[PDB]
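**Student:** So you can see what is in the structure, the chains are spelled out below.
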Amino acid sequence: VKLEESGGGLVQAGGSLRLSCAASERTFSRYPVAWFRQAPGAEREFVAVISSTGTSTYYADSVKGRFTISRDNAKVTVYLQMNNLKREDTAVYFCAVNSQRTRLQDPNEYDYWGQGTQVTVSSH
Amino acid sequence: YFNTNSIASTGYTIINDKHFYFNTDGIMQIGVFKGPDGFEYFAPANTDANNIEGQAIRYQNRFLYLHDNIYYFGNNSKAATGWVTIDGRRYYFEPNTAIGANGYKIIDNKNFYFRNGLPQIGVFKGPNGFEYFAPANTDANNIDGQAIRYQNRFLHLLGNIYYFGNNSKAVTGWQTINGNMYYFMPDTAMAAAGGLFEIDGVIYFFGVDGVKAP
Amino acid sequence: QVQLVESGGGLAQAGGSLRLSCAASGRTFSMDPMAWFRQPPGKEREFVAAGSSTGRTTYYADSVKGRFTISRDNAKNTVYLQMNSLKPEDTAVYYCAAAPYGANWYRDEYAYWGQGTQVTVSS
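Residue numbers (my numbering), protein chains in the order written: chain A, 65 to 188; chain B, 231 to 444; chain C, 87 to 209.
This is chain A alone, in the form it adopts within the complex:
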C-alpha cells in the first residue's frame, strides 16, 4: 500500500538507468526504503537502503560507487541511480518499505513491495 516502480528495461553495458519507486500515501516518508534484486528464482539480494530523513544510506559492496539511492519526500518517491552498469546487474529490481526500521538488509523484514522492474544489460 502502495509502491509503483518504473524506469527499467534494456540497456547497453557501461550505460545508465534511473529507477523510481512511487508511493500512494504520504506516510511513506516515515520509513527507510530499500532496493533488492533477484536473479531468476534465486535470492532477493540487498542493494541499498536510505533513511526516512533521506540523510543516511548504506550499500552492498557490489554496487558501492556505481549506484546512488535517494528520495524526494515531497514527491514521495525513492530513486536508484544506476551508473557503470555491468552485465552482472541484470535482474528484477524491487523497492520495499520497512516499518519497524529494523534489520534493513533482510528482505523478510520488509512490509510493502513494488511489482518489480526488469533490468537487462547488453554488450553491443
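There are no misleading hints in this set.
Listed below are the simulated BS3-like cross-link pairs for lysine-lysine, each with C-alpha atoms no more than 30 Å apart in a straight line:
hint, chain 1, residue 1, chain 2, residue 2
1, A, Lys66, C, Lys151
2, B, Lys355, B, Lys340
3, A, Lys128, A, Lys139
4, B, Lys442, B, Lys355
5, B, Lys399, B, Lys335
6, B, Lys264, B, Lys335
7, A, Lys66, C, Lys173
8, B, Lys399, B, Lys442
9, A, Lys128, B, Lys442
Hints listed in this document are in silico derivations from the structure and should not be mistaken for laboratory results.
Using the hints, position chains B and C against chain A.
**Tutor:** Same frame as chain A, now just chains B and C:
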C-alpha cells in the same frame, strides 16, 4: 436499605433465597459483584436452571468471560480473588472486582507483569523502568514471573539481548559497556542487533551480539 | 429453550466470499464472547474465530487470518462470520458457539452450540 412499591433495593439483596445486586440508584446489576459470601455471578435471565434476570447462579470450576474481562469460579460458585491455582498455574484476580490482573502489579512487595490473570516472563516496563520478571527459581527461590535482582549483567531471552545496570533495571538508548556501543530500544529495551537499523534518521550496522560497528 | 441458529451457508466458489449468521434466542448474549467452529468432512471439529462482546478482543485460526472476519450486533443478539477469498479447504459444516468457559477461546468448551450449516467451495 429501604425497598420499593417488581422489587428494588440497594446493594446485595436476598429475595426468596435468591441473590440479587442493586446499584445505589435502585437499578438491578448484571455481572460479577461482591456479596457477604464473595463475588457472585448475577446472570441474565435463563443462564442456568431458568434463573430470573439478575439472579446469582450456580457456576462451578470454570472461567467466565464478560466484556473483555475474565473471571474464574470455584466449587462454591464465587469468583476467586487474589492468587488462585488453576490446572497447576498461579493466576491472579483483583480483590476489588474479581477481574483478572493485567499490567504491572505489586503484591506483597513483589513485582509482576500480568496478561489475562497470568504473570508473564520477560522484560517489561514498570513505573520505574524495565524489570526482569523471571522463571521460578532463577534467583533467591523467586516465584514464576516475579521481578528479580539482576545486576550489571546481560540477559538473552527470546532471541533478544538486554543489559541490566546496578538497580536491576534494563538500560535503554545508547550505552557503552566494556568498550562497546549498543543501542537498546526505548520501547522494549531490546538491543538493536544482527544488521542495519535506523535509529534517529541514521542507519547503523550492529553485529549479532548487538555491538555497533564503528 | 436457548438456540443458536446459523444461516447464510450454501455454495460458493474459489476466491468468492460468503457471510454467515448466527441468531441467538432464549437469552441475551450481549456480554458473552461468541465464536465460529468448523468440521471438514473426515476431519474433526476445529476452531475458526472468536470475539468478545465489545469487539475489542478477537482471535483467528492461522489458516484464516485476513480472510475471515468475526463481528456482531448485540442489539440483534447475533454474531457474523464474513468469509472472503474462499478456498476448497474451507468446505465444512460451520457451527456457532457462545459463552466459553475454558482457559482460552480456542478450546471447544462453550456453554451453547448451534446445529451448524454447510459451506461448499468449488474447484
